[PDB]
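A single protein chain has been removed from this complex, and every other one stays in its place.
A and B are the chain letters, set down in written order, and residue numbers restart from 1 in every chain.
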Amino acid sequence: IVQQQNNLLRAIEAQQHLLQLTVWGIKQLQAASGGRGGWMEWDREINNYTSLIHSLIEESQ
Amino acid sequence: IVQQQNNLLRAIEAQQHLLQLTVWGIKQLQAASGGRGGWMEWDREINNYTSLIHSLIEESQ
Partner (left out) sequence: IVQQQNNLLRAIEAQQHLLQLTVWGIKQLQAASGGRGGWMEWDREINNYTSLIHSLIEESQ
């Protein structure tokens, strides 16, 4: 069970890397059209959930 | 083990919020270029997987 929980945590960590890659990609597309001022709340929400996930990953370890 | 499974579920729940934020962001970029009629299947697939995840999160709880 312990070994399996470590595997699941590893999957979650890798999916978080993928999530951040998609966020970065979306930001570049947004920047290509103009200033990103209108996405400041979207950015804040993303930053907040990322902080939450970081805390959970740290705690799981 | 129980406490750890709760933590993993919490991480998955937060990553789901992040996923929905990226979906919303992509939809706004799509809408900026024109009607989203061509993304109706993509929307259906996303809605379906989100339903699946919601069920699993509900079951895990």
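To be clear about the criterion, contacts are C-beta pairs under 8 Å (C-beta built on N, C-alpha and C of every residue); 3 or more make two chains touch, one makes a residue touch a chain.
Counting the whole complex, the residues of chain A in touch with the unshown chain are 1, 4-5, 7-8, 10-12, 14-15, 17-19, 21-22, 24-26, 29, 32. Seen from chain B, the chain kept out of the figure touches residues 1-2, 5, 8-9, 12, 15-16, 19, 22-23, 26, 29-30, 33, 39, 42, 45-46, 49-50, 52-53, 56-57, 59-60.
Basically, only the chains that are shown with their structure count from here on.
The geometric centre of chain A is 13 Å away from that of chain B, both derived from CA atoms.
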